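Heads up, the chain below is alone and in the form deposited without the DNA; it's given as structure tokens.
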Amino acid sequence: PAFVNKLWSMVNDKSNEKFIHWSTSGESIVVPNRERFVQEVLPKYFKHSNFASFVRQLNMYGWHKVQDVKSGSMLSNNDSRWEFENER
């Protein structure tokens, strides 16, 4: 339960709003920019950790990456934007 408590301490603290937050339209957790999140927030809650380790723990607790929507004529996706949903 150590991970979960840190997860909520992180997501439900408005001071982290710019790096990770509940989605406006939906019930998912959004990390607008992966690199910024790893730089600014991860070190504050998870010492000596990286994004892959973080995602592996999120997956262990039911949260998975949402399939990104391919945008425009280039069918582009911002690889740095990550959204997670819970199996519920």
Given for the second form:
There are 2 protein chains.
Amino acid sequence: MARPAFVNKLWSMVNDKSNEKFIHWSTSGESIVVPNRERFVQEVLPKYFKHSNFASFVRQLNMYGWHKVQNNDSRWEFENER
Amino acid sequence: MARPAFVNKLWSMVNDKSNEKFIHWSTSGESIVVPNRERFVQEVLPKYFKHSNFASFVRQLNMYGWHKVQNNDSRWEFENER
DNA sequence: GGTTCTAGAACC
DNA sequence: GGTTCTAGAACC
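Let's see the other form, the form solved in complex with the DNA, since the form deposited without the DNA is already up.
So here's everything in the complex, that chain up top.
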């Protein structure tokens, strides 16, 4: 596509059914949910990056207009401005 | 002590032998090592904070002069300026 | 003060 | 461009 590479990766991620259990669109096709950060870093990130680093993932999500939608740091949900 | 509360927690953390396997001083008593971030967040953080959030932990370490000493984001090692 | 989301900055 | 350490900012 014409979108930034990171953005293309994210798209492949949430639209590739094999990642479904770790990262998926929300029911109302509203946002993106990562039920369990640990499982997601283990199983999904390595298919797309040489280094599996959740912090680097979140940093880039922020860079491209995604925000975290508001006890542990296990579940994560993000939504985009545009 | 007179040091900031976060700093007192960190001290209790690395000096309390029961946390030894998750967070400890380095051999040369040089820095602080967290062999496995996941185990550390599971077992150590909850004894000290209502919320176990590694990112909030790292943020505060930076706030108080600690720096990360330079494939996954599993192992972490920090050292202090002063 | 305590916490956590978002951005700066500098290295790759 | 890719990545990751450190700091700003704003809410608690």
